[PDB]
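Undergrad: Given next are the chains, with one letter for each unit.
There are 4 protein chains.
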Amino acid sequence: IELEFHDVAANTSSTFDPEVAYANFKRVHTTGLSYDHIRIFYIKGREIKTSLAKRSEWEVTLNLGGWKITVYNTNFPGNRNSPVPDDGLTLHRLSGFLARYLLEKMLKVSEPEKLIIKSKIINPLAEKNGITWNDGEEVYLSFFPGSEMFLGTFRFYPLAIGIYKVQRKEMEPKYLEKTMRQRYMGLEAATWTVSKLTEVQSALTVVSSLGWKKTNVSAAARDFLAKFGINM
Amino acid sequence: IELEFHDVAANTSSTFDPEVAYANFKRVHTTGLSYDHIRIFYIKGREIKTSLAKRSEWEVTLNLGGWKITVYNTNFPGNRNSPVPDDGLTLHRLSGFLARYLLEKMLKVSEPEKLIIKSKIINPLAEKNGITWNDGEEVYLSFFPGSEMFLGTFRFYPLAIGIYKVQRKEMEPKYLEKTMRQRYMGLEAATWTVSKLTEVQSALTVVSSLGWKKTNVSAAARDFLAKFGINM
Amino acid sequence: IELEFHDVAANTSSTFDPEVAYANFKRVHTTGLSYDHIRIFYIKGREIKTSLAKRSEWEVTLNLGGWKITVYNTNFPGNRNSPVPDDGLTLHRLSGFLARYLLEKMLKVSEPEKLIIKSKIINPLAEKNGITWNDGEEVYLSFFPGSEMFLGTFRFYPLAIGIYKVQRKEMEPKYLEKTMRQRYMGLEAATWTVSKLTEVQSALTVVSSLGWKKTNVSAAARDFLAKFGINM
Amino acid sequence: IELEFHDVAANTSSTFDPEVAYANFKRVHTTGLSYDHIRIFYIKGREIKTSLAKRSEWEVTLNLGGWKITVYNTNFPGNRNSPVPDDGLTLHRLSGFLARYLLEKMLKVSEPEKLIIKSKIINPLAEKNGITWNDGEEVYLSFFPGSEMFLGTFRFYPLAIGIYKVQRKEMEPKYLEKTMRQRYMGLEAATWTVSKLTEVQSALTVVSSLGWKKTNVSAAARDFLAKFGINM
RNA sequence: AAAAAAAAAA
RNA sequence: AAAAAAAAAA
RNA sequence: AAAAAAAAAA
RNA sequence: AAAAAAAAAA
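Same order as they appear, the protein sequences are chains A, B, C and D.
Just so you know, we're using the authors' numbering here: the first sequence kicks off at 2 and counts up by one.
Just so you know, we're using the authors' numbering here: the second sequence kicks off at 2 and counts up by one.
Just so you know, we're using the authors' numbering here: the third sequence kicks off at 2 and counts up by one.
Just so you know, we're using the authors' numbering here: the fourth sequence kicks off at 2 and counts up by one.
Any given hint might turn out to be false.
Put simply, identical chains are the same to the list, so a pair is met inside one copy or across any two.
Below 30 Å or equal to it, Euclidean Cα-Cα: the simulated DSSO-like pairs (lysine-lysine) are [what the hints assert, rightly or not]:
hint : residue 1 : residue 2
1    : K228      : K179
2    : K166      : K215
3    : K197      : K179
4    : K228      : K197
5    : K170      : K228
6    : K170      : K215
7    : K121      : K45
8    : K228      : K175
9    : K166      : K179
10   : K115      : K214
11   : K214      : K179
Hints listed in this document are in silico derivations from the structure and should not be mistaken for laboratory results.
Generate the whole structure from the sequences, applying the supplied hints.
TA: Structure, rendered in structure tokens:
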């Protein structure tokens, strides 16, 4: 005879503000900060995710490359739905924070630095779709998970990519719902949806225009194989 | 060389009577009883279910919010098919018992109490389908699992919802069979099916008339997204 | 550095002869034997199977109801492909042995015994398809797994049922291959297939003629539900 | 609070050269070597694979039949992506090494030896598709996994089989990508694809011409069953 | 079989 | 990426 | 619900 | 391969 207890659940709205959260991540973390830390984070980010989901423990500090950043492991499933606080980091919260932090550099800084950084940061989700750095800073960066916290700065690319994928059938449409709960230049989506449909409609156009060749196999092996029936 | 034994299985019919069972749950349990206990039970009822299926042990007592009610854990799989007795409670047996017990209050009581209760009880399965309290007491309550033990009091809403879902394709039709074994005003289904087809046919109409907007995403994000192709 | 060894594999044909095997099961086992042992075996045979697949150990003796019969547990997966010998019993080998042993009684014996036995033995796979004892001894018995070891005595019902299911789409066609390796009145299938196609074709007819109403739900709930769209 | 570290990842190309690798496997291993070792390897190769994926440890030495050969267990999943070196063996690397090593014998040697070997080696993947030794040495051998390391010696049969399967729908097309990264007579695939399309196109023809009867069931049971509707 | 096991609010 | 992981005879 | 969990470079 | 592993009554 074991005793299990449950408690009422309150009803309010969400307090976690991506803007505070980022401005609160900027000082507390990234004292150093190396582009080589971000580079590590992002190219091993799929590995980084698989570990945290194996490990059953819910504060994990990660060292990459020499940069120590501790992330509430909400991946490890069950998480277990242990609330992150509004001042909490997550592999996801972290990804987009960095994604925005890079774009603030890409804008703020000089040209010679802009050339060292684009040589240093790589986006495994972008460049799988053959989407490269010269396709624009905001668009490359918008492939990083968590860039949907910042449709503001990312010019509704994270959402447009999102539409474009669900549309072409390359992504289930569940993966679009976190995003539609978002905000754009301080506007809730019950308003930006009505009153901003263009930029959205406009960003989808740019995104539609891109390469988008899936790089499961080489360009030369694609055509070759097609001459046989196989399009992959 | 291990020895495993099996015993014959007898042939009779089912003795568990929802009416006795409820009238036997009314006194033994709910001395207090708070609407705040029921509220706890129902909004955490999905959690409550996931625990009992993790825990391997077959009498579990649950405390919600301060109300202690012990439930043969038939969820924990294998249950293991350890018979519940006719005087036994189950997450399911319990759900519908409460579901009926609320409706007895909704009927029995005053108007000012009827307004405090509807403010206090929430039905996560109803209100996911945007089905609200003002859609009628019996209909809201009929979304609670186990309301199919009481097609009598629930006016064949639990079954009509059931048809409507299987029909629209929103539910597999296996989930309709426990229900068709049921009884209606003391009548076995080999009779109520023949001789009651209207009320059934009648309740499906009411149910068909309802909102039924799936709330995976906001109303404003639905229309927005549709302008792009995505209906979700 | 661990060392793992593998050995050549020889090439001959199969030595296990259902006829010897049965005639060797008849004396060694069933000294008693009760119809109440067989009844136990067959109605709990689905349970009996689920145990043996949980238990990791490969000689298991089962007691039903008071009859002790030890069965190389090839179910427990991996079995593990530990060869059964030609004098070995298996839940499957056992099922059909009994299936044939009953039919030898059904034939050999008197009428008053024939009425006690048909009242005592139940076939959970037959009677799910509403196929009953009066549909003929061979046909009812041919639903028992392992009756395909004896197409001879079972008059190519085990195979005809098999065709009929694959055909109607009620069974995957993998489940027909063990059977086509079989023999019929001493004839290998490369011969009975050519030269016996009628009886086969003939038994399918009988089998086609049967009830075959799937009893997932009552007959009265089927028609009722159909009046709504749902055929199950 | 646990600390997990990740390190940058470099960018170059692949150094593992099937030609060196084979010529480095030829002396270091196969001092003896028996056709009876290869025979063991290949007919138990499916078993051999299932063990290595159960065992969690990453250097495994295998003894077959008396031939000891140690293979970095990359099967055991996660492998775990512990790099094999260019001088490393793998169940796969090993399979094709042997596959080529047999073909070097089939070519190098006399006729009476060529008749003992074809009697001794069996290819479980070939002969499931009823593809036999007399269908040519290169074609039989090209069914062995890892023969795609040597499109050179195997006359683009490993790839043609590959096309033919993806085409007929008998294989997912993911399983064609390792192969398209390969090389042919010293030529990278961005060149052999352009400039060799015939031999490829030519080898597909030969492969298309073959039996390819799936031997899930006997030839006599196929026709028999078809007379009933069932083609398997 | 009036028996026991998926969908679960803002 | 000339890297590493499904289909396996009578 | 501005909450938390799939697709991941050469 | 006459070999061994899904559907299981009221």
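Undergrad: Which constraints among the numbered hints does this structure fail? Numbers only, ascending.
TA: none
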